[PDB]
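There are 6 protein chains.
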Amino acid sequence: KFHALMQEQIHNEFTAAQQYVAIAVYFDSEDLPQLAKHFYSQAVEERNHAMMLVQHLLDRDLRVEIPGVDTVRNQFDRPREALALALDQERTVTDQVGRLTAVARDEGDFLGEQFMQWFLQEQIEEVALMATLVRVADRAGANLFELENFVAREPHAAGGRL
Amino acid sequence: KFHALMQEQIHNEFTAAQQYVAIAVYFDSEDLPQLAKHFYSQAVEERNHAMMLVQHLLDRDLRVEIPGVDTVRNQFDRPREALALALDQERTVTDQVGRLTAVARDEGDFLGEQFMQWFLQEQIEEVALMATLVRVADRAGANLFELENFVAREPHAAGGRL
Amino acid sequence: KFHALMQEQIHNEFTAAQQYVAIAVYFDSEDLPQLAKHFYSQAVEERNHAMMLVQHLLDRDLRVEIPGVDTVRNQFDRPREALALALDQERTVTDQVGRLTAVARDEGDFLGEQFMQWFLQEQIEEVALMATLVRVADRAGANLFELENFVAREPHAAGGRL
Amino acid sequence: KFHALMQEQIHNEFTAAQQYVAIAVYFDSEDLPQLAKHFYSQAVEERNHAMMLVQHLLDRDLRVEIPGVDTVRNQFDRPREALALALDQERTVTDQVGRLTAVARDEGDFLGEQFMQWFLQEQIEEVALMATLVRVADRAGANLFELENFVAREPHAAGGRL
Amino acid sequence: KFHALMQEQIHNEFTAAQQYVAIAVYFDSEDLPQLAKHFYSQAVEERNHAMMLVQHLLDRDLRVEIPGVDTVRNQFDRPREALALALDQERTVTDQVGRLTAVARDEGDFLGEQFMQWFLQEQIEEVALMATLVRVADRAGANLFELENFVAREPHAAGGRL
Amino acid sequence: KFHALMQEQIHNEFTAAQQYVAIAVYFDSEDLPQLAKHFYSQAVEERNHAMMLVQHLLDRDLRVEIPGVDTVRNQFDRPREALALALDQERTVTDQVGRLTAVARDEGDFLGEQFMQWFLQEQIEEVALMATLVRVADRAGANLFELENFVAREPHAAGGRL
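Chains as they are written, first to last, in full-length UniProt numbering: chain G, 10 to 163, 174 to 181; chain A, 10 to 163, 174 to 181; chain U, 10 to 163, 174 to 181; chain X, 10 to 163, 174 to 181; chain W, 10 to 163, 174 to 181; chain R, 10 to 163, 174 to 181.
Some hints could be false.
[As the list claims (entries may be wrong)] Listed next, the in silico SDA-like pairs over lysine to any residue satisfying Cα-Cα at most 25 angstroms (straight line):
1. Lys46/U x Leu67/R
2. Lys46/R x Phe154/U
3. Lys46/A x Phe154/U
4. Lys46/W x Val160/W
Don't read these hints as lab results, they were simulated from the structure.
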């Protein structure tokens with residue numbers, strides 16, 4: 010039952026990651042190379058997370074499946090609104106991850122519970138950063154050059180990390 | 010109109026790549042580390058291909074979209090059957106790529122035509138290899154150890180290559 | 010009371026470790042150098058675990074005792090059966106470790122609870138590996154050479180690590 | 010509400026840290042360079058802990074405040090009595106940290122819960138050492154030279180460490 | 010009597026230093042990493058000053074005490090107002106230091122008088138800098154990016180420096 | 010028949026080694042790091058000896074078994090009494106080893122006789138040292154600091180040494 014929720018999380022993460030590529034590609038086309046570079050990177054790290062969940066099920070000889078990925082959002086009024094979706098998403102992932110921890114606790118699946126511990130910390134950091142990008146984006150008017158300057162200056176995964 | 014077909018190919022490639030992860034994870038769970046390591050790699054290179062198509066539309070200031078990904082196959086009777094799907098898939102991708110070339114030629118889109126040239130050559134090699142893995146898999150009975158030994162011994176993409 | 014269960018675990022781990030030596034020496038006599046080398050190593054790492062528990066009680070100025078060790082199994086019908094005992098044992102250790110975590114949680118011993126967290130993760134990996142050795146051993150008939158090739162290719176502790 | 014208790018802990022830790030400086034300065038004046046050097050260091054590491062708490066609230070975009078610091082003890086009958094206060098203090102900090110863990114658990118604040126995990130382990134070690142200094146101090150009569158010989162021989176922080 | 014005033018200065022300096030941390034943490038939460046980094050550093054150097062005074066009393070075998078620290082200001086309307094408090098504070102510290110020099114002169118405490126000489130020079134520089142940060146902050150509108158770029162581009176102490 | 014006595018010696022040595030861990034852990038808890046460090050090491054070297062015996066039977070294709078280990082002593086009135094047990098133990102091991110040599114001589118087992126030769130020499134040295142630690146321990150009153158200063162200043176094994 011925590012197993013079923015973990016599978017679903019693999020799906021969520023693959024989706025989340027795809028959404029990042031979409032966001033990265035959006036920035037790339039808006040000639041925001043720095044933001045783009047970052048979210049290209051961000052998408053890869055999210056893929057890593059997925060593969061870490063895959064790996065956990067593998068290690069526990071539980072059934073695992075590589076899911077499809079939902080359509081993701083490709084059109085944005087402006088860079089800030091994209092950064093917003095990214096923060097909003099990371100906040101959601103944090104919820105999902107919290108819930109997994111809860112379920113594992115309830116089922117007294119101690120292995121699952123500790124395995125989620127790292128993810129919780131990672132989420133604190135991902136949210137912290139998306140939040141910062143949004144604030145700084147707000148501070149920079151349609152002066153995206155400022156946003157771009159700012160970005161420029163400031174468990175085992177199945178397959179490897181990349 | 011070649012533009013539309015190129016978008017659809019971005020979707021195909023992201024799908025194809027996902028299917029590789031599925032195959033990789035399958036091998037990984039069957040304790041076939043060498044096969045698995047390879048297809049994990051294979052899936053990343055396919056992702057690269059997708060991103061190369063993304064990059065092409067970017068460079069031409071044509072609309073581009075990061076698609077969702079179809080469900081992919083996760084269960085196989087045996088390693089050979091998975092290798093089969095991979096060959097079968099790469100053959101299909103070759104078709105799609107040929108068809109893109111044809112459409113570009115027909116529309117006299119000389120930029121699109123030349124951009125596809127590299128992909129044609131890549132497909133020759135990808136198919137050549139999947140084909141080899143299938144033959145060798147056939148030669149090795151249920152003696153997968155032999156298959157494993159064998160594997161062990163023998174354009175700008177948006178984001179970068181991995 | 011979690012203290013009592015921790016002492017007992019020190020005993021279990023020393024025992025587990027001894028059983029590995031036994032398994033290692035069995036392989037060694039069967040002219041399975043690779044398997045043997047690994048389980049000699051495996052036994053040392055288990056000893057390390059014991060000493061990590063010793064160290065925890067030391068750091069908490071709680072009474073600790075170096076136990077004796079129960080007789081362990083020395084005769085096996087065949088390599089596979091040995092690897093089996095090893096998996097079976099690591100599964101048991103995981104139980105013990107989970108139960109410790111539970112007891113500490115119940116007693117609201119927050120120090121004990123966190124200290125166990127590492128051990129949970131380690132067990133996920135030890136089990137994952139013994140399981141893999143068993144599957145591969147199954148795949149290899151009485152063709153132990155294949156088993157051997159495969160193995161060849163693929174908290175603070177009191178007194179330190181080894 | 011765990012947030013409130015966390016703020017209060019930042020205050021506690023700054024206080025604790027200051028008390029160490031006091032202890033270090035005491036030793037310094039007693040011409041106990043080794044003990045002094047150590048507690049100067051100890052005070053810095055405590056400051057680090059405070060800044061790690063500051064950093065956690067920062068990362069979670071929760072309100073954080075740099076508190077004042079209570080008067081700390083400056084006069085001691087003799088080195089042993091200072092070392093005593095230090096052990097007694099570290100034991101108290103351990104309580105506070107446990108309590109935080111408890112509250113986070115109760116409120117099901119999974120992020121706070123995991124973030125506290127490191128601090129629990131650190132406290133095991135700080136207490137272990139203060140306890141050792143007291144025992145050895147006891148063993149050394151007013152023969153402080155022996156105490157001195159002994160000492161000589163044997174999460175992100177807002178700002179950095181030092 | 011200069012001794013009494015020196016003790017009080019130890020208190021002032023510890024307080025001043027704490028106020029810097031507050032200012033640093035404020036900037037940090039406003040996503041002004043450069044300003045923050047600098048004032049984190051600034052707070053450490055102020056701590057150093059305190060410890061230098063501690064050391065002076067130590068060297069003269071005069072009674073010294075590690076004081077508590079007053080509450081410091083944590084909320085600011087905007088970065089400029091914080092920089093203001095910082096300048097204002099350093100000017101005050103300069104007064105205190107001057108007054109110490111005066112008292113020592115009056116008491117004909119030649120040792121205290123010379124020991125203060127270094128602190129006078131340091132204050133000239135600290136004030137010079139806080140003043141510069143304020144002017145530049147004025148010049149930069151709510152364009153804090155400019156303030157940030159600017160900062161980015163442009174005796175013995177008890178325990179040691181840090 | 011010398012073969013039976015050799016097996017029993019493997020048991021003795023594993024026991025002896027465990028007893029050293031006990032002694033090491035005792036010292037560790039008494040805050041005698043140097044003594045502890047040494048006997049941790051000493052226990053490993055004893056384990057080595059056991060494994061050297063295992064190796065001899067392995068090399069001679071004689072049946073060998075990894076034994077359990079008897080309870081060992083964990084409580085001591087004071088450091089000297091522990092050092093005593095250690096000397097007393099090594100003297101006992103020397104007897105056992107002599108007796109093995111004798112039996113091999115009687116049975117005219119020339120291979121066993123020579124293999125024992127090294128162990129005789131090693132015992133001369135182990136006893137020589139335990140004896141020295143006892144004398145020095147006697148010389149040092151309850152002044153253990155002196156004991157500690159002193160310690161600080163002054174065949175194939177199945178699986179390898181440590």
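Query raised in the report: If you draw a straight line from the CA of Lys46/A to the CA of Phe154/U, is it 25 angstroms or shorter?
Result: Since the Cα atoms of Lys46/A and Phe154/U sit roughly 22 angstroms apart, the hinted pair holds (cutoff 25 angstroms).
Requested in this report: Starting from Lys46/U, check that the Cα of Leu67/R is at most 25 angstroms away, please.
Outcome: 14 angstroms, holds
Report task. Compare the distance between the alpha carbons of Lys46/R and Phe154/U with 25 angstroms, and conclude whether the hinted pair is satisfied. Result -> 42 angstroms, violated
Query raised in the report: Are the Cα atoms of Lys46/W and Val160/W separated by 25 angstroms or less?
Result: The given pair, whose Cα atoms are some 10 angstroms apart, holds under the 25 angstroms limit.
In summary, the structure is inconsistent with hint 2 from the numbered list given earlier, while agreeing with all the others.
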